[PDB]
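What follows is one chain in structure tokens, specifically the form solved without its partner chain.
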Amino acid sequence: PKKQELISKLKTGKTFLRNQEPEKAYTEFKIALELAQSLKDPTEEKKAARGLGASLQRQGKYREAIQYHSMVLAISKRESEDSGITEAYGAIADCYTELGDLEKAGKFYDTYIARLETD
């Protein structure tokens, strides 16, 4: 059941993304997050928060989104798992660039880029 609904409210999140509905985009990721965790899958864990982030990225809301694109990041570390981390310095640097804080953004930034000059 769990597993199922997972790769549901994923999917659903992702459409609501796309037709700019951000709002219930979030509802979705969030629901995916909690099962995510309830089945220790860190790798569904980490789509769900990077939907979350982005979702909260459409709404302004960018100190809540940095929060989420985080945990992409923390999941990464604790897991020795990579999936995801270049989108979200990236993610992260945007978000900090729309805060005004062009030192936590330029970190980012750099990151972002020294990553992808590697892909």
The other form holds:
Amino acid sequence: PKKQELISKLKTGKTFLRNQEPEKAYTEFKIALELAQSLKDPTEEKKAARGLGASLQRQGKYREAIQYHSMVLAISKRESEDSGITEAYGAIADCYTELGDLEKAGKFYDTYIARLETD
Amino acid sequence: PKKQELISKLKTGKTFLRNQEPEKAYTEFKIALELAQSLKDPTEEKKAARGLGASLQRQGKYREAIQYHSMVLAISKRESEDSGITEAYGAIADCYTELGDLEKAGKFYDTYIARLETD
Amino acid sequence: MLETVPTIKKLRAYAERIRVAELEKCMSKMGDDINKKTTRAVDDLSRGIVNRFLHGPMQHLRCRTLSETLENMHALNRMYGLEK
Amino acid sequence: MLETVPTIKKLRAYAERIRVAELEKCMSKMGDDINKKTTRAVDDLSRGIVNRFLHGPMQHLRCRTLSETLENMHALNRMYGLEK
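Let me have the form solved in complex with its partner chain next, following on from the form solved without its partner chain.
Now the full complex is given, and it begins with the chain already shown.
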């Protein structure tokens, strides 16, 4: 359908990220994000959001990376679906740690530790 | 063929072991050991040997358990096939630890640590 | 306390390097047997094992005398070579 | 030294409880997709992750001042609750 393109854009972005190309990957995940939103598929929207977050951290843009990892939390709350939540919490904490806000990073780590045994 | 029965005896023994029945499991793995030997299948012979070792440890018969875990090493040497080797080394060390021979257990642990990264 | 926060980050990354490396080898060895539910299952396995392993240490890196927390940090540093 | 040997045994068993528990959940979630090579692959994954995780700590539990080795042991005891 175009769901086809969504799958492709996610896989392609994941590939560019694995090959030291976060900028190219950012472009792919960005399209996938638009596709998933236009297709109203929250599950894939969270995956697209994470890809953007990862691409941005890789580039050192931690503040912008937080904005996209936070979407995973936001989408999850709007949908009552908690996949990616644990990873999102941890990634955000990683970002704040890279930003020097160890206080806020600790708070997010704490939330993430509390989920480490649940599934 | 009867290879069919070998597969069954291994699965059955693994089931009895998971359900707090090491004696019943010992019986199954023992048949599987005979089957694998009569069928000349070293790969399954190592699996059967481990099952017996595990059943014996579960019963607290650590000295006898060592005899069967050692087979995994022996079969592997005769065949130049190293599957189960790492686990066998560790299980034997676990057994010596339960027997009080911490010196010999340490030697087997050392051999097993050295393989922990290789595959 | 704040001093153990980077160790948490570093330990996460150490764990993830291993998880990804092994997950990739696993997928390669499955060929055409990879479908959605199967792929998802193996992914959940990889992070299920890692997370349950990391829980103890990382819970113990926060909030208990501060002195033991620092020693937990030091031990992790030695054991996993976190501070190259 | 001999004093850390039981900790090694206990840590192995702790690791294995997790590995088995998660491997079993994974297999249950694959249905009819389990065949020899696929089953073997996922098994290798489970122990590949566990083993690479256990290497650092367990290498550091043997053979370096004896004092740090004991602290590595103590930290593990606290973090994983090995001495109930």
